[PDB]
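2 protein chains.
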Amino acid sequence: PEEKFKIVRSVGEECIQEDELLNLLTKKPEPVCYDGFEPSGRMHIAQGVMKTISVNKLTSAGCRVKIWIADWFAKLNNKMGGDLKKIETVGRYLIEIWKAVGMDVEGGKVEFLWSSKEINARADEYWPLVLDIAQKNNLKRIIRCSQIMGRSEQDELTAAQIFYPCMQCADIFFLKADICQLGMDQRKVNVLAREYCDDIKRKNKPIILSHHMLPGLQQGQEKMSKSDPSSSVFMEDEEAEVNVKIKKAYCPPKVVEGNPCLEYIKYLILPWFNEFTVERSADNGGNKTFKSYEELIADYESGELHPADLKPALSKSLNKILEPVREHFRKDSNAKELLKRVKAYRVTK
Amino acid sequence: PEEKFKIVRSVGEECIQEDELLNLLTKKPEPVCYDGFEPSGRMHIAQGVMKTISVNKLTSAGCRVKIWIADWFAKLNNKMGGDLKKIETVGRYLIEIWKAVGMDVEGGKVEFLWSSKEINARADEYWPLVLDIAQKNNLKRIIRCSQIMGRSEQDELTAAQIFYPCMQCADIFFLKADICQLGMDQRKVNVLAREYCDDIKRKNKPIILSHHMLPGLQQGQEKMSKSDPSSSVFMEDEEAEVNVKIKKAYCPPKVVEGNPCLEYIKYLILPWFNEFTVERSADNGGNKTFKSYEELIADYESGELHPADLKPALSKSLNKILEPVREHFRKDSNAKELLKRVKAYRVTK
RNA sequence: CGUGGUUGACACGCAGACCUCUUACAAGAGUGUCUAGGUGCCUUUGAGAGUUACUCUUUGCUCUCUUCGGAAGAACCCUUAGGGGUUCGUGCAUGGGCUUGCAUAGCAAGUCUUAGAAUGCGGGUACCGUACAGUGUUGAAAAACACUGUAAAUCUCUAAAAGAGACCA
Ligand SMILES: Nc1ncnc2c1ncn2[C@@H]1O[C@H](COP(=O)(O)OP(=O)(O)OP(=O)(O)O)[C@@H](O)[C@H]1O
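Taken in order, these protein sequences are the chains called A and B. Counting from 4, one number per residue, gives the positions in the first sequence under our numbering. Counting from 4, one number per residue, gives the positions in the second sequence under our numbering.
Check the hints yourself; a few may be wrong.
You can't tell identical chains apart in this list, so a pair holds if it fits in one copy or across any two.
Once the Cα atoms are required to be at most 27 Å apart in a straight line, the calculated DSS-like pairs of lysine-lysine come out as [unchecked claim]:
| hint | residue 1 | residue 2 |
| --- | --- | --- |
| 1 | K257 | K191 |
| 2 | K334 | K102 |
| 3 | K229 | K139 |
| 4 | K120 | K179 |
| 5 | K352 | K139 |
| 6 | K352 | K112 |
| 7 | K191 | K143 |
| 8 | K346 | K31 |
| 9 | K179 | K31 |
| 10 | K88 | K204 |
| 11 | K291 | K346 |
| 12 | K139 | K89 |
| 13 | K102 | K229 |
| 14 | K319 | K250 |
| 15 | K179 | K229 |
| 16 | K30 | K60 |
| 17 | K191 | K139 |
| 18 | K204 | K89 |
| 19 | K352 | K204 |
| 20 | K352 | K60 |
| 21 | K139 | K88 |
| 22 | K112 | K294 |
No wet-lab data here; the hints were simulated from the structure.
The whole structure should be built from the sequences, with the hints applied where relevant.
Rendered as structure tokens:
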């Protein structure tokens, strides 16, 4: 139980009601967490490897993750030209990438639920819930939940943007999710679900485990951008392209706060291999292995670890992580055909 | 063709695109119609007799009508206790009321459709339609459909009060109805549906046939309300209290407009019976039968027709119209049981 | 970017972009490679309903009739082509002399030249060429061939806005 607490809490940087999470992990054998993605565009390393690590941690803790693939949201935002078949193909491509990189799908503790199929199977238990949340929460509160999208004082809203937050908030209760690990973008929807749970008088509020938003590889990009193929490593990139991107990534010397490379290491490399091996010249301390972020940050602040040796090591580790994906997509004919089909689809926005 | 057009146009008071109405009644042999109707407890003379006259005219014009029982909307607005099963029983009771007062169910021209059943049957066609209408119509426009529930523009709405206009706007296309008849308040929703139909380039835009709203009996109130028994008469009322209502109803002599009694005459007894018999005193010209509203109002203006003679004749005509309802209630065991259940249930706004 | 070159490549000096390094963008060094577009044609008919809402004015937005037809042209179909039809594809401001405010002349008011499409802007269409991506053939690489899209993919993707008074301010 305590080990489950540590593993689950390690998933997200912010855990609302840690005492409630403790109670949930003590009483419920398998918590049913919830995280989702819109099957569109490319897939940044943050999304891919962070969700893989989070899901592996949750399954090791014994969590029945219910991934929500938002194909109606992609269609309504007009992704891949608003084609359901193209969006399904992109979703299958992403899921195959994840299966290659390490999602424990074979363990049976991870379920990949499509929004369209699940909704059209049981909407009589879903759309009443969306109407209930829309009725119980007022227009000002719902509009405040949609400011993060960029629609609010900045942009005129299309009622669809009063149905989107309501549907995303009702997804948690439709999936009976006891935990939420959505990104910081939808923490507003998580809080909305919490207050709805207060309204409907439920003693088991959904825990929030918002994943830390990876800053972009370029300086100043606090928000992870998957639409600009210059400030984010994508798991479909080649080895040389990944090396170039990491070499061009921002990395201030002797600065740990706001360091894209250090944060990349902390939440991607260390959680995977339980270590960060760096090979350096004899004048630069030689070969040394860092087993923890504590000694990593201590040495980096002291200046013993320098970017000239740091970035090659990070690039090699990222290539080692991405190699299963590239090998799987080169070897499996179905995966290769999926990659070719996705490359054949031009982005329509 | 022209006879059908005249019969159809005799129903509504404001029919937008009368040219389109004629074109539809020429091209199609059986256009599809609906009426908007929320089942909530007692249902007054405007929703009974005016609605059944309109439906009878439309089915005589060889056009089908789909009765749209808005039980889902009632539940999500909480109206009538917010209980699905007994709201359905109320809807069945009112359907029986319309059957008793007169409705051609033998020919299958009328369709008693419950919103919940139809949505549960065809969610995958209806809810994508709702979201598409939401995408096409902006938040301010959806706000502007506000007075259908009886509120001012400056007030604050709930997100369900934005969900609902889109659900109404999508009910038309979900029913695939060609001519639209509802209250005068839902004109904005009907205009929204028309705009959505020219944003999706569907030919044959739905034709709006707006009804006329009967005002309150007491002068100063122009609205209708089943929760307020001081403004309208019901068909679940007894003869004596109906007479009391008619005599307490405001009716100034030699006044053309603003007379609830005259409007009730024109919209209820003249269309139903093609005539009206008034039992006048022997000093006014004896008993006289009026064949048209024009001559009736002319004789009322000329001063030989007084409220003291109009009210007894109005009461007698209304009672004669309502006799089938009471006879059906006393004869049909199922109808009597439904009425007893309705009386046992409590009505809350 | 221009010089010689019909231009693109090719040498020249430089502008920018691409690649290697102290990887921190910056800053600097390195040696190199690369940039494109051009041609011809056309493009402002008036009306009405809906849309801000509490209305009037100036207009926009879809909008269905209507048209010196949404034209320059594409896709498709009919076929003996000379041709016809459907879908699609439609622009925004101003003149110059006539009279006045002004000595005939900035700009405005009464008509005209629909618009000299005249002045500029932007649009889309067809051809060529360039490069990218894919298809099949000759193919050892390379390249060539014929075909299909892109080049500016990019925001009311969502339509009401302003002024004037109601009408509580
Ligand atoms: N760095 C991250 N770590 C973990 N989860 C993340 C991260 N960034 C986003 N997510 C998750 O991804 C989902 C939102 O995805 P995001 O907004 O990045 O784009 P998308 O909708 O998937 O892509 P597209 O822009 O192509 O539509 C949420 O479920 C959020 O929790």
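Going back to the hint list, which numbers does this structure go against? 1, 6, 8, 11, 15, 20, 22
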